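J.: Here are the chains, one letter per residue:
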Amino acid sequence: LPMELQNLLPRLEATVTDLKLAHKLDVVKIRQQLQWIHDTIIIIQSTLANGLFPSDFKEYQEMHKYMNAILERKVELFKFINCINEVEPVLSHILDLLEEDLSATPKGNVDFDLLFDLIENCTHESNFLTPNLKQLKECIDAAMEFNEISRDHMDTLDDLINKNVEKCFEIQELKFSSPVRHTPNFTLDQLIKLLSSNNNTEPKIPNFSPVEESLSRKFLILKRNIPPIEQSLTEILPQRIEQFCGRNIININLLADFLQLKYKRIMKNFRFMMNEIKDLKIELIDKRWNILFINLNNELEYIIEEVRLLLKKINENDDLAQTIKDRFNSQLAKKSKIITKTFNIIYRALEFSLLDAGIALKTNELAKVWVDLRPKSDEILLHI
Amino acid sequence: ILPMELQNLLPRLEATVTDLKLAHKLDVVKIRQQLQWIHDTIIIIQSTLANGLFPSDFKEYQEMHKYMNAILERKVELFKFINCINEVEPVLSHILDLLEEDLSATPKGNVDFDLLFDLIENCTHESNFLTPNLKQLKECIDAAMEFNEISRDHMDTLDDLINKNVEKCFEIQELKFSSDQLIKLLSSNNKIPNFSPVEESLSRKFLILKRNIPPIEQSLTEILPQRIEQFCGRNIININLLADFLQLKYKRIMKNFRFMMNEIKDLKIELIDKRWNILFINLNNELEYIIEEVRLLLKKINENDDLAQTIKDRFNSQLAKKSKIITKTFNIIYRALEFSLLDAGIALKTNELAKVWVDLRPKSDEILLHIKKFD
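These protein sequence lines map, in sequence, to chains B and A.
Numbered according to the deposited numbering, the first sequence spans residues 13 to 213, 218 to 400.
Numbered according to the deposited numbering, the second sequence spans residues 12 to 190, 201 to 211, 220 to 404.
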């Protein structure tokens with residue numbers, strides 16, 4: 013934006029630098045360059061007097077664009093302030109030499125000529141200095157950090173949180189797209205085998225399929241992704257508080273105003289994702305354990321009935337062949353053994369507390385009948 | 012010894028490992044070793060902090076200052092150190108995403124379980140060590156950086172500068188205590222000490238001194254922000270003591286400043302006010318005497334009647350010449366009242382003289398005006 017000023021800046025540091033590291037008073041040369049600096053200072057101030065520099069923007073966040081504008085050519089504005097803040101000490105260097113060369117015997121009218129010029133630079137120095145150092149420099153630093161907290165920190169966390177919500181959804185699409193649509197039939201032997209696998213290894221997803229091995233793994237990465245995000249939503253409050261008050265710039269009111277809304281917006285979105293994952297955990301764990309136990313209770317109740325029917329038949333028809341009576345006994349033996357293996361493994365399984373109150377009771381209703389029937393089974397297989 | 016030196020054995024190795032971890036494609040058994048190595052190294056690093064404690068409650072101590080300096084010496088390296096360990100969680104997430112992309116049901120899954128347990132094993136040690144250590148350590152480095160800036164580069168500088176002003180202030184007085202007319206030059210002027226044309230130089234040395242003050246005085250009201258910021262802003266309870274130390278430093282420097290201010294204010298009276306005062310004391314004294322000179326001259330003319338033309342003409346020319354000086358003097362003195370250089374006190378003496386001269390000047394003037402009539 014300040015094309016005119018860019019052409020001047022290089023000579024400015026060159027002259028200031030020359031003055032900065034000169035020990036000889038060339039009264040003629042020093043006068044020339046000091047006068048130049050004075051005129052150029054005024055020029056820079058007039059161009060920077062709200063032409064293309066900070067003014068009250070309390071009206072709208074259009075200032076965001078002006079901050080972005082600063083950062084584009086921030087390399088240059090930093091260069092300007094560094095030179096101008098060097099001025100006061102540069103002039104002080106010049107002043108010592110004047111005092112050192114200011115012998116009583118000579119008139120030293122040169123000292124007057126230059127001190128008037130020096131103090132002439134200082135008045136404009138002090139006028140231009142206060143806005144650039146106090147406001148412009150701070151505005152670059154504030155806008156630099158504000159872009160960090162908004163773009164690098166807040167925007168990134170929203171991206172992360174959204175991707176966690178999609179992974180949340182991506183998981184459900186795998187569950188629905190599987191051999192087990194819902195309520196999967198199993199064999200009591202296999203139910204034992206799989207239930208017993210889980211006994212041996218917060219809960220984990222049961223293995224209905226090679227797909228469940230996948231869902232389990234995918235869900236584990238999802239569950240581990242959240243804490244860093246949740247850390248950063250308790251840890252961003254400090255960085256948000258610091259800039260919100262510490263900066264004490266004119267437009268800070270508007271910035272903190274905006275950031276508070278962005279944080280509130282993303283915190284809502286965060287709580288949604290947390291809830292979605294909570295709801296998913298119940299589906300992929302509690303529900304799965306529920307249906308498995310419905311499955312158990314179905315087959316358990318049936319094979320318990322089968323056993324009761326066999327007992328009835330043996331007592332009613334003890335007059336039949338030993339081929340028949342031996343097959344009847346071997347069946348009752350085989351069936352009884354599994355029923356107790358089932359109730360044992362059930363009763364050694366932690367997940368029973370997850371179970372819906374209804375289905376847990378069905379298992380318990382079956383349990384009660386089996387404590388009555390097993391002795392009646394056992395006394396018969398005693399004689400065999 | 013240095014605890015940093017123990018960690019400095021293998022910091023490059025930790026960075027190297029994560030560098031290749033960032034950009035690894037389809038590495039299985041190799042990755043298992045790499046990850047495991049990092050885990051063990053991290054625990055070793057956690058133990059080094061325990062042996063020589065970078066984060067510790069030294070708040071009770073005033074040896075904090077020593078501890079700052081120690082950190083800043085090797086701070087260059089601690090940034091390299093901090094940067095890699097903070098990168099761990101996101102680096103492993105990339106690995107996990109690569110692992111998740113493998114899929115392949117049971118076969119890939121079995122290896123994946125060995126890996127995730129290893130990865131989450133890295134993270135417990137990363138997160139435990141990483142968060143507590145580096146949070147406080149990074150703050151402490153930044154706090155130490157700023158604290159030395161505000162104490163050495165800002166506060167110590169201003170003390171040096173203030174003292175040099177007091178030295179110059181003193182240096183001037185030694186020259187004042189160790190060493201013509203300005204006749205109408207007074208009238209030309211009509220606050221410049223043009224009293225000693227030779228030592229008009231000393232005033233210019235005072236002028237630069239008077240000009241040096243405000244930047245210093247600016248910096249003593251603009252340091253309060255930087256002092257207030259660092260005082261409360263720092264999260265560490267350790268700041269409380271640093272705040273106390275800076276408050277004591279500031280009050281010490283502020284006393285020295287007010288002394289230097291007073292010293293220069295006292296000096297200004299001695300160079301500018303006193304010299305102006307004596308000039309006008311001197312003029313009033315001359316004025317009184319030349320007024321007297323006139324009265325005697327008037328008396329001589331009147332008392333001894335007949336005198337030589339040579340004598341009567343000399344007497345008259347003196348009376349004329351003396352009267353003109355008296356008014357030139359009154360004129361100058363009363364114009365010093367406008368610039369307000371003349372003390373209100375010595376003003377009264379001039380006024381007392383003025384009154385006697387308004388009674389004599391007619392007696393002077395009648396003599397001269399008869400001579401003026403003659404043509």
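Everything labelled a hint here was simulated from the structure, so no lab data went into it.
Treat each hint with caution, since some may be false.
Stated by the list, open to error - Dumping the calculated BS3-like pairs for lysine-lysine here, alpha-carbon to alpha-carbon at most 25 Å:
(1) 119(A) to 297(B)
(2) 32(A) to 239(B)
(3) 239(A) to 220(B)
(4) 36(B) to 175(A)
(5) 36(B) to 357(A)
(6) 119(A) to 239(B)
(7) 328(A) to 179(B)
(8) 401(A) to 378(A)
(9) 329(B) to 239(B)
(10) 350(A) to 328(A)
(11) 41(A) to 119(B)
(12) 36(A) to 175(B)
(13) 205(B) to 297(B)
(14) 205(A) to 119(B)
(15) 179(B) to 179(A)
(16) 179(A) to 297(A)
(17) 384(B) to 351(B)
(18) 220(A) to 175(B)
(19) 119(B) to 239(A)
(20) 32(B) to 234(A)
(21) 328(B) to 239(B)
(22) 205(B) to 353(B)
(23) 179(A) to 32(B)
(24) 297(A) to 119(B)
(25) 179(B) to 205(A)
(26) 175(B) to 239(A)
(27) 328(B) to 351(B)
(28) 303(A) to 119(B)
(29) 32(A) to 234(B)
(30) 179(A) to 36(B)
(31) 303(B) to 234(B)
(32) 234(B) to 41(A)
(33) 41(A) to 220(A)
(34) 32(B) to 175(B)
J.: Does each hint fit the structure? Answer for all of them.
T.: Consistency of the hints with the structure:
Distance hint between residue 119(A) and residue 297(B) is fulfilled; the C-alpha atoms sit about 24 Å from each other, no more than 25 Å. The hinted pair formed by residue 32(A) and residue 239(B) meets the criterion: a straight-line CA distance of about 22 Å does not exceed 25 Å. Of the supplied pair hints, the one linking residue 239(A) and residue 220(B) is violated, its CA atoms being roughly 80 Å apart against a limit of 25 Å. Restraint check: the Cα-Cα separation between residue 36(B) and residue 175(A) comes to about 22 Å, which is no more than 25 Å; the hinted pair holds.
Using a Cα cut-off of 25 Å, the hinted pair residue 36(B) and residue 357(A) is violated, with the two alpha carbons roughly 46 Å apart. Simply put, residue 119(A) and residue 239(B) have alpha-carbon atoms about 20 Å apart, close enough for the 25 Å limit, and the pair holds. Of the pairs offered as hints, the one joining residue 328(A) and residue 179(B) is violated, with about 123 Å between alpha carbons and a cut-off of 25 Å exceeded. Proximity of residue 401(A) to residue 378(A) is assessed by CA-CA distance (about 32 Å); at most 25 Å being required, the pair is judged violated.
Between residue 329(B) and residue 239(B) the CA atoms are separated by roughly 55 Å; this puts the pair beyond 25 Å, and the hint is violated. For the hint pairing residue 350(A) with residue 328(A), the CA-to-CA distance comes to about 16 Å; that is within 25 Å, so the pair holds. For the hint linking residue 41(A) to residue 119(B), the alpha-carbon distance of about 86 Å lies beyond 25 Å, and the restraint is violated. Annotation: proposed proximity of residue 36(A) to residue 175(B) holds, straight-line Cα distance about 23 Å (limit 25 Å).
Distance restraint check for residue 205(B) and residue 297(B): the Cα-Cα separation of roughly 24 Å lies within the 25 Å cut-off, and the hinted pair is therefore satisfied. This hinted pair checks out: residue 205(A) and residue 119(B) have alpha carbons roughly 19 Å apart, not beyond 25 Å. Taken as a hint, the residue 179(B) and residue 179(A) pair is broken in the structure, with Cα atoms around 75 Å apart against an allowance of 25 Å. Pair hint residue 179(A) plus residue 297(A) holds up; C-alpha atoms about 13 Å apart against a cutoff of 25 Å.
For a cut-off of 25 Å, the pair hint linking residue 384(B) to residue 351(B) stands: about 17 Å separates their Cα positions. At roughly 77 Å between alpha-carbon atoms, residue 220(A) and residue 175(B) are farther apart than 25 Å, so this suggested pair is violated. Distance hint between residue 119(B) and residue 239(A) is fulfilled; the C-alpha atoms sit about 21 Å from each other, no more than 25 Å. About 21 Å separates the Cα atoms of residue 32(B) and residue 234(A), which keeps this hinted pair within 25 Å; it holds.
Between residue 328(B) and residue 239(B), the direct Cα distance comes to roughly 53 Å. Violation of the 25 Å bound is thereby established for this hinted pair. Using a Cα cut-off of 25 Å, the hinted pair residue 205(B) and residue 353(B) holds, with the two alpha carbons roughly 14 Å apart. A C-alpha spacing of about 22 Å is found between residue 179(A) and residue 32(B), which places the hinted pair at or below 25 Å, so the restraint holds. Of the supplied pair hints, the one linking residue 297(A) and residue 119(B) holds, its CA atoms being roughly 22 Å apart against a limit of 25 Å.
This hinted pair does not check out: residue 179(B) and residue 205(A) have alpha carbons roughly 98 Å apart, beyond 25 Å. A distance of roughly 66 Å separates the Cα atoms of residue 175(B) and residue 239(A); the hinted pair therefore is violated under the 25 Å criterion. At most 25 Å may separate the alpha-carbon atoms for a hinted pair to count; residue 328(B) and residue 351(B) meet this at roughly 15 Å. With a C-alpha separation of about 23 Å, the suggested pairing of residue 303(A) with residue 119(B) holds against the 25 Å cut-off.
In summary, the hint linking residue 32(A) to residue 234(B) is supported, as the alpha carbons are separated by about 21 Å, within the 25 Å threshold. Restraint check for residue 179(A) and residue 36(B): satisfied, since their Cα atoms lie roughly 22 Å apart, inside the 25 Å limit. The straight-line distance between the Cα atoms of residue 303(B) and residue 234(B) is roughly 18 Å, inside the 25 Å bound, and the hint therefore holds. The suggested pairing of residue 234(B) with residue 41(A) holds, with an alpha-carbon distance near 23 Å, which does not exceed 25 Å.
Under the criterion of a C-alpha separation no larger than 25 Å, the hint pairing residue 41(A) with residue 220(A) is inconsistent with the structure, at around 87 Å. About 56 Å separates the Cα atoms of residue 32(B) and residue 175(B), which puts this hinted pair outside 25 Å; it is violated.
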